[PDB]
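What follows is a single chain, given as structure tokens, in the form deposited without the RNA.
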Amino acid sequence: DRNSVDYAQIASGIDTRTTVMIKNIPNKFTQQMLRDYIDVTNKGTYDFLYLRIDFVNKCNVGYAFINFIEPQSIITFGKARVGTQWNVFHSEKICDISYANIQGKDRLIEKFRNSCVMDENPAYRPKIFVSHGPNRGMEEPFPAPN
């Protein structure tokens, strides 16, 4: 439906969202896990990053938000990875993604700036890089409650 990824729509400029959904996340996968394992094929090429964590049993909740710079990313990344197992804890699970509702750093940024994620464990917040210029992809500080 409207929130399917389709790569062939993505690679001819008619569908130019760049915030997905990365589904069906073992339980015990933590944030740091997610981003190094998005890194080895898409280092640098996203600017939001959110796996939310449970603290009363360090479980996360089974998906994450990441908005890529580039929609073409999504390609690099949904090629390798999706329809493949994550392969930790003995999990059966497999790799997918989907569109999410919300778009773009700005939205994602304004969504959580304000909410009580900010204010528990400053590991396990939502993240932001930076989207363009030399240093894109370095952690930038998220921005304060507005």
The other form holds:
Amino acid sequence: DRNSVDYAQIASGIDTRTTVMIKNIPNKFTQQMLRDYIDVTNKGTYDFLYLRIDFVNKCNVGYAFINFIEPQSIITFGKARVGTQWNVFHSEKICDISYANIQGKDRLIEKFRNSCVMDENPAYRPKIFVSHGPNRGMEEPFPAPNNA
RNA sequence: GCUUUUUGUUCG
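So the form deposited without the RNA is up there; where is the form deposited with the RNA bound?
After this comes the whole thing, all chains and molecules, with the earlier chain placed first.
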């Protein structure tokens, strides 16, 4: 209901949400393969990316999270991938998306900066990329923790 | 044939 993606509301500017859940991902798909998968259609249009990893079984958990700098980049990705199979690892999964429950790079940094997922391998951690300017799209170090 | 489905306080 609430996390349903409607491309007509993105295009009309009613729904200004930028964080999206990338659901139904092959479990042996990696952070590199996902960045590459997105970069086909949406190179430099996103400023956050997090593919959740099972640290014990050493493979993704079936979903990822991406934040688009502009909501209209959700139509570009959505129209290209939603409803399509991945063609890797004999997986019959089909790509799908929905809005994320945590919206925005600032809110996502708040959440992840003091997390124990930041203490793991960098390929297992959430990543961020410059949102605006001539450095737009370049990977940035994640803001350090601020616990007590 | 390849898997966790709204983000690890639970390490599966």
